[PDB]
Each structure stands twice: as C-alpha cells, then as structure tokens.
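For this depiction, one protein chain was excluded, whereas all remaining protein chains were kept in their positions.
Chains here go by letter, A, B, C, D and E, matching the order in which they are written, and residues are numbered from 1 within each.
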Amino acid sequence: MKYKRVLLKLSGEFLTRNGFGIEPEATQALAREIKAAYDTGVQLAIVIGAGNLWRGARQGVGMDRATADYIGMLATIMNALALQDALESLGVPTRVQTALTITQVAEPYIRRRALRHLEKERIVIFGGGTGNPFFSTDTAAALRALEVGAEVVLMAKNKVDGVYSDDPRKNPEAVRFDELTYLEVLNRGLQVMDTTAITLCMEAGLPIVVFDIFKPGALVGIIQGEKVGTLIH
Amino acid sequence: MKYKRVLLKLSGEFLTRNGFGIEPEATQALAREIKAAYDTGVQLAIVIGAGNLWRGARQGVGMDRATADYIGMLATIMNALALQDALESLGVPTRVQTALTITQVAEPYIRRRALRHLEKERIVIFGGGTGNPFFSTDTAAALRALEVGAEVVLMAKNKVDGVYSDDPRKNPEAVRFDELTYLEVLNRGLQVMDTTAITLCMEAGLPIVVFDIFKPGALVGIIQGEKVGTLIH
Amino acid sequence: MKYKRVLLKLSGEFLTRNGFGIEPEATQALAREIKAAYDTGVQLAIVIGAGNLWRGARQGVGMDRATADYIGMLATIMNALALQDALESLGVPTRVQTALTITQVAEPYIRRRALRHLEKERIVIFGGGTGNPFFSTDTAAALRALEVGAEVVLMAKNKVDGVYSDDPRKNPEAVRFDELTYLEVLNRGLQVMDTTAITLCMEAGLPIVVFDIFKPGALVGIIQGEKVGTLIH
Amino acid sequence: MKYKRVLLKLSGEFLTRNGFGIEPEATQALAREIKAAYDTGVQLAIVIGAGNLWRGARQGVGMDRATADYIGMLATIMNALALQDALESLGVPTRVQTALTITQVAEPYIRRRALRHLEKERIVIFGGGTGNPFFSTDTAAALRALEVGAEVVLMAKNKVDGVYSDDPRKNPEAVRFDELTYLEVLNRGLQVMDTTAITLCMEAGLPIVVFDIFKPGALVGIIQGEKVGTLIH
Amino acid sequence: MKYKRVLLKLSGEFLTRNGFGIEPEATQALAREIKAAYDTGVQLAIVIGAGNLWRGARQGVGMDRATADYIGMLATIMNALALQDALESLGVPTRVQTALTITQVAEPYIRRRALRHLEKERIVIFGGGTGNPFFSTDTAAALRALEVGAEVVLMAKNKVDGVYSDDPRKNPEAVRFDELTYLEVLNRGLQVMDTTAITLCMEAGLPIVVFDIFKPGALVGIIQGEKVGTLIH
Partner (left out) sequence: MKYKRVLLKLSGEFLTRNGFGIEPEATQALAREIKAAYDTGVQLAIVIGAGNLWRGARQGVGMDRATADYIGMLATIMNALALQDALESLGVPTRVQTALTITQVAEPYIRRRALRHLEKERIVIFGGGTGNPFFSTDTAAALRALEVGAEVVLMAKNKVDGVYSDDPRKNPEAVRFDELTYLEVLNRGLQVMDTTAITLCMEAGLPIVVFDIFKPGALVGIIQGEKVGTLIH
C-alpha cells in the first residue's frame, strides 16, 4: 500500500442520481465504492459535502452568506447520517463526528476520539464542514486530513477525473494535468477547489489527488500506489 | 381580535413550488402571509416542518425511524433559518429557537426567552420539532402552543382547507367538517395530524383550526374572529 | 421468555413507604423486584417518576405548570440516581441517562449509547422524563420504549393491579379489565395514564401491560409469558 | 445603610412548616422576609439549601457521598425555582443561576451576568451550591459572596439566632457570642457552618453574621447597621 | 471616516514589553491605542494572538501540532480576558467571544450576538482563534472580519510597518510595498501573514492593511482615510 491513512472528500451530489435529495440507490453505490477502499485495509476518514441539498443564498430571500453556509453545514450532517447508515448496511464499522455539536444526533468532533476510531479500524465521517462559514467542505477536507494525520487528501470531485487547464464543463478544449504545484493552481485561477484548501495543504506539504471515484479501480488504485487523476504537491 | 397569541404550524412544503428544496419566491410568498397576520398585532409563534427537504427512512438504506426523525429535525432548522431571513427581509422582527442545541446557528429553545420575545412583539420560529423522534411537527406545534400560552393552534395544512371525512386527495367525494371533537377525530381515524397532537390539545382544552393559509384573508380572518376551516375542540 | 426487551415504568412513590421522600428500605425492595426481572435475562430499560418528592404547582406560589414540570423532571433525576445506587448495591450493572443534560451527574440521553448499554446487559434508567413539560413519565415511558425498541411497556401503577372501569380508590365497585383497545381507554375516559402515552403506543402498535409490581412474581410472570394485569393493545 | 450588597444564605427548611417538602405558605413567608430586605435598597444575592428535601446518603442504599451530594444540589435547584416564583408573586425582580448547567430550566452561573443582574436591582438566587460535592451551601454562600463582591455573608441559620458555645439544641447551657474570630470558631470545634466556609471567609477578610431571619426586623436591622446575631470576623 | 467597521488583528506580544507574559503597563498602553481608534466612532472587532504565552510544539515533549494549537487557543483567551479588563478600566464597553465554549469565562462565538454588540458600540474581542488547529490568528482575523462584515482587516504587525520584499528583520536591504495583490504576496513567498488568511481575503475581495500600531496616529489614520502601511487588495 502506498498509503496507510487517507482523507476521502466526497461531493454531496454522490447521494443522488437526479441532482437533488438523498436517494437510497445512489447512497448504496457510494457506500460500495467506500467499502472497496476500506477492504484494502487503509484507514479511512471522510468529509462529505451537501450540493445535493443546498446551493446557497441564491435560494434565500435577504440571506447572508454566513446564514446560507450554516444551512449548508446542517445539510452535510444530514448526508453524513445517511452515508453512515448505508455503510453500516454493508457491515463496515462507521462513526460520525460533526463540527456543530448536536449531542442527540452524533458525536461532536473530538480529535482524540477520531484517532481512536481510526486506530480501531472504523471509518470516521466528518459532517458539518469546519463549523465556520466562508469555507466549503474542500477546506474541511484539508483541515480534517491534517487533524487525523492523513497522508493525502483524495478529492472525489463531481463529474471530472482530474484538474484541467479550465473548467472542462465550460470549455471542451481543456486539458488534464498529471501534476501541479499548489502555486500553479492559484496562479492559473483554477476553480476545482477552495483556494483556502490549497494553501492549507501547501503550508503542510500535504499532497492532494483529484480523481473520479466512480471509475472502477480508481480509488483502490490510488491507495495501492497507481498513478490516477491529478497530483497537487 | 379574537386571539392575542397564536401558534401557527407550517408545512415545510410551503417553501417550495416544485416538491423539493427551499425556493426564494415560495419562501417570500409565505413570509408575506405571515406578515399579514403579524400586522394585525397578534403575538405569533411558528412551528415549521421539513417535507420539502426530507421524507423519512424510505430515502435511507437500513435506516431507523429514529434516525430518519433526527434528520428531519435538522431539516426543519434549515427551513426555520430560511423563513427567518425572509421575514426579516420584510422588516418583521423574528427569532429562531431550536429543540436541538446548535449554538452558532440559533438560540436554543428556552421557555422564558421565548415568552420574552413574544412580549417584545417578535415572531418566534421553533425549529427542530420537540427534539424527540416519534413526533411530527404537529405534536411540536401542540407542545410549543402550551409552552408559550398560545390560545389556539392554527394548523396550516398543505393543500386542504379543513378536515374532511376522508383524505380529499384520494377521495373526491370527501366532505368537510365545520367542527369536530378531539375524540371524533380519533374515532373516525382521520389522518390530518398526529393523534398525539390531538390528545395533547385535548388534555388542555386547547382548540385547533385546520385551514388553508393560501386562501387570501383566511389566516387574518381566523385571528379577527371569522369562521374559517375546521375547528377541533 | 415472551419478551426480549421491555420498558418498565415506575412511580416515584415506590421509593417511599410514607408518602414523601427517598427511603433506603423502600428503594431496596424496589431494587430486589427489578433484580428478579433482570435475572430472567430480559433487557430492561426503566423510566422513573417523581411523586414521592413533588406533586406539581399546588406546592408553588404563582407557579406555571411548565415550571412545576421542570421541577418534577429534576426530581425524577434524583430518584434515578438513588435507584441506580440501590441496583448497583445488588450487583446489577446500571446506567442512568437524563433528558436534561447535567454532565457531572449522569450521562445525557443519547439513543445509541442507550442501545449499546442494553446490548451489554446493563439496565438503563431514564431520568428527566422527555425533557418537555406537559408530559408525565407515562409519555416518557412510551417514547423511550419506542426509542430503544422495547417490545412492550410495563406500567407498574401505584396501588392497582390493572386498569379498572373507574378509579378503584374512589369507586369500590370498579371492575378490572383483562384487555382493552387504545380507543377503548380514550372513549371510556379512564385516568390510568397519559392519553398522549396511549396514542403514542397506539400509533406504533406497541402494547402496554398495567400491573402491580409488588404482587410477587407478577413482573417476572409477564416477562415469561403469563397473563398478568390488563393488556392494552 | 451599612451594606450596599450582601449575600443571604437560606436554609432549605425555610420552605416548609412540617420538616419536609416545599410548601406554598412557608415559601411566601420566606419571600416576604426577603422583600423586606429588598425594599431597603440593598443589592441582594441568595444561596438556598435543601434540608427540606434531602438529608444525604443515609437515605440511599450503597450510596457514595458524592452521589448523595449531587442529589442534594438538584434539590437546591428545586427550591431556587420555587423561591423565585414566590418572589415574582410580590413583584420583586428575580433571576436564578445554577452551578449545574440545566439550560431549559435556568441560567447557568455566569459571573458577569450575575453582576449585571445585581446592578439592575434584581435578586439573584444561586441554586446548585458550588457544583462540587463535599461542600454544603454554607461554602457556596462564601464562594458566591466573593464572586459578586458582597460585603458580608448573612447566614440565616435554621432554629438559632447566633453562634453558641455549643449546639444550643443539644445543650441548654450554651451561651451566645456577640463576636468571634474565624479561628475561634475552628479551635472551639463549633458546628454552626462548614469549616471550609469559615476559612474561605477568613482568607478574604469577609465578615459573617449568623442570625434568625424570622425575628422581625433582624434582617433589615443588619442591613441598616444594627447589632444583630453573631459577627464572625 | 473611510471605514465604519474594521477588524483589528493584534499579536499577543503587545501585552508584554519583555517578550513573554501578560504585563499591566504594556496591556494598558495597548488599550490606550485601541481606545484612540474607538474614539473615532468606528465599530471595532479585535482578534488577539498568543505569542507572548505560547510558541508551539517545540515546547512540548512528543507533542503534535494540533495539541500545541489548542494550547495556543487557550492562551489567546487568557489574553482576551486581560485586554477586556484594561479596556474596561478605561471605560470602553467591551465583550469577549471565544471560539471554544467556556461558559464561565466569556460568551461563545455567536454571529448574531457579535453583530448586536458592534451595533451597540461595543468592542468585541475574539479569543480562541477559529477553534480549529492549523488555522492561525491571521486566518481567524480574516474569518471574523468576514463574519462581522468588517470593511478591512487591519493587521497590526509586531515591529514592522508594512509588507516588505523580504523579512526586514533578516534583510536590511528589503523594500516596503505601498500596495500588493493577494497573488503577489503568494508568488513572492512573503511571510507577513498566513497564506490561508491571504486566500480567504482574496476570495471575498476583503482588503488587508499591514501597519505598525505603535506608530502614533497610524491606526486612527487608516480609519480616517490616510495612506498608512501596506494595502493588500
């Protein structure tokens, strides 16, 4: 194995086939991909987004960005709980920790508890992002990777298989990169993930792999050492 | 004014026109109805549901009913926050209290903070139901009515204008009731609301009016003393 | 064994023989009955009332019913802590969870900590009711039964051995029922328990047995499959 | 006025005429004494005991002192809430802060909030003692006096009007002291209050007056400068 | 006035003249500078660092960076409490909000409460950073600026009056910039602040002014519209 512990960042869109909502069949498919990774023996922490449920203050009337972001963080917790149940259906031991403390619903985020969960071969799903507005779960992925000592952030990005010279769904001439420096991402103004998540990984020397989780073998390949997707380092 | 303080129970469906999501124009139209009631000078507490965002364990995989309920409670808080912004857009002073404590996002349910807010002519929106699974927001509406000393529960029901002999959406021949007793609702097995919400109001002699909030003038009518919808008492 | 997991509802009066207080010998006698049921191997959750310590707003001066209810909830936690010590005296593994969060004193109600404790053959005593005013512990017993997946609610009622046509303490001519339906309880206006607790169990098809815990063998009888008391179903 | 801000320590026994429980008439009488002090214009913080409800581990079976103390702290909060309602019945503005955080029921203890309450001419009742076992509310009285900057602790002791050379209810030859040093109290082994409360006041030079609150004029006299009871200094 | 609401980022070092500790005369001197800016009428939010009290994991034995960062977050709260007292002793109304919830000590970070405080012309001091390890006080300054709608982040740098081509206390030949872009800071590898704080401001278009707070008139100059220090925008 190239990696013993990883942070897998997932789009909330992966929980539906139809753009919106939480759907059982899509959640099962996503669980099956995660179990494929779990079965390699890697230690697995996850950050889950909420694009399937909530886009932002465009949906509100007179809505601050902070308020819209809090709504989105609650949505990521909805997804976290749904994903945990799907993984438990496969018998994969799973815990959820949320960046907003909601005692009746899930454990709060507690570093020493997250570490013990990973050491006991459990998947830890992080809901709620970082708990702060003005981030996406991209930044929560970088932060939680650093907090659990993951060796790489695996960004399972919706509808792309890597980082491109441009948004490949707005420019068919876009070209995929094998490798990039953090600064190259910033200088070229690429919009594949929060620039704040880039700089957080930059400061720690934490590598990022952007890939297509629904390409069979891709996630297991990354874990086992294959070249897959785009490496930011 | 017949009533000085009312609890208004709203379906989460009122925030969308397309089945799913939170939508600006639907939320704004709902806020305008609430503003008409507020402008009468009545004191106004609201309980909001989550059916525009979450439909229960049918959407999960191997999901407890309790877990589905906690996800719904999170969804009601998302709706409460969106509704608050919409009302504040219109200049209506509004507070949100949640049955689950989420410090950054809203204040917790605290009985005499809620009493003080109503006394200060603010709308109090209660998110999170009662904080317990195995209720709907119907029972949360009954509970919160008793807690704030509301004089009646105004049940704004999605797509009906009162209580009928049968589900009017399955039975075109159903007949509307002008009045019912609590026991009559239970013995006829009508499915307009939680039977638990029925008996809570029954134990207290707290009346319920089931009505159509989008019939212009209905809500303000009830507040002023007109006969609108079905009275359960 | 007919039942694998039961919820046992206890009056706070069982902790005293003199109307008021918490008394060692009464608490110990109650703990011995609970130990007999535990020794059958059934999984056992308990909800405890507060009538030995608090009788409601009649004891206050200008006191809300909600405020009286919150005081009663505090009193149920006092009883839960006393009962736990008594059971631990007898070697019975016991946990206390409270509906109101009081960190130093007991763990908070958390649904799958409670599920894990029962799986580990510990008794879980729930203090604080549901955490909401306008319920009795009767409704808390119904709620907690549903939450832990109990198969029946065992209503140990103070000074009666079943449900009667009338209050047997006011009507010496009252007759005991072997069986009732939920609706029959409501329509006959019997005052054995919260009508809200009745309808909660009714909605779930959760049966209730009203019985005398101090009739030797009654509790263990019910657990083993004997006909004891009144079945509501 | 001799004093601008005082801490009044009250026995839980003052809430009953009959040894046990909370009784409306006794609570009103106690409220009327407190209002007499309030009407002088002094700033008034209160610590309330629980001897009317809970004595200790003698009432438990296999009961630790710590557990018995937690039960007693919950009882002081019951009394605090009852006393607040009685004072509110007289129109005296009153707040309750508890050393155990119980959000739905009362404010948590927060120093800056307690100070603002006193500055706004409200009575603050402290329930829960210090939140730590192994104290009595005597020690909570000394601690809360220091925390709010009270100039004296007024110990309204049950059934005595001062400090005596011996327990005056076990030795009719006991003599009352006008004045005592902290060390004199310790050296003579007097049992009128926690020795820990003595030393806490010793270290701060905080004077203590032990007196009979039901002697008409006594409490107002202390506040206005008269010699009443026993001074420990 | 050029700016109506600002976020002032301060080093923990400003609370000492001797490299380490909290010292009264330095804290008072810092409070007098803050009071001068308050006296312009600007709404003022502060983020305070910890360098006077804690450097990081090299002070620990086997200490991971996350643990060191939590220790520094505690230190920032220590400084916030000391700064609040100095400011209050000058009669400036001040509130402290902490990213880690410690009820007894200060109010939690709550965005709507912080907005009300600023509108009521109080200084809000933010302690605890963001509550997340791997985030710096520079990043907390950026975040809290966004959250309170400050128009600019004023980075009071220790012993430096702007951004330079190189660390000036390491290269006497370094040249100061009047103006830079966010990307210029990142590309030139400048170490004036956390790159994550840069990119957060970049994404919002929030301008940063790096300046020397102990150059008399500089802070007030920036507030009134003068050109002081270095503008990053």
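By definition in this document, a residue touches a chain if its C-beta (ideal position, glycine included) is under 8 Å from a C-beta of that chain, and two chains touch if they have at least 3 such contacts.
The undisplayed chain touches these shown chains across the complete complex, A, C, D, E. Residue E:78 is the one among E:48, E:78 or E:213 that touches the chain missing from this view. Interface note: of D:202, D:208 or D:223, the residue touching the hidden chain in the full complex is D:202. The chain omitted from view is touched by exactly one of E:131, E:162 or E:229, namely E:131.
Those residues of chain A that touch the chain absent from the view are 101, 108-111.
In the full complex, the hidden chain is touched by chain C at residues 103-104. Within the entire complex, the positions of chain E that touch the omitted partner chain are 20-24, 27-28, 31, 53-54, 58-64, 67, 70-71, 74-75, 77-78, 81-82, 85-86, 88-89, 100-105, 131.
Basically, only the chains that are shown with their structure count from here on.
Counting hops only between chains that touch, chain C reaches chain E in a minimum of 2.
Contact with chain A and chain C alike is made by B.
In the contact between chain B and chain C, the residue numbers used by both copies make up over half of all numbers at that interface. Put simply, chain A has to spin 180° for its C-alpha atoms to lie on chain E, with the angle rounded to a multiple of 5. Centroids of chain B and chain E (each the mean of its C-alpha atoms) stand 45 Å apart. Annotation for chain D: residues 101, 103-104 touch two or more other chains.
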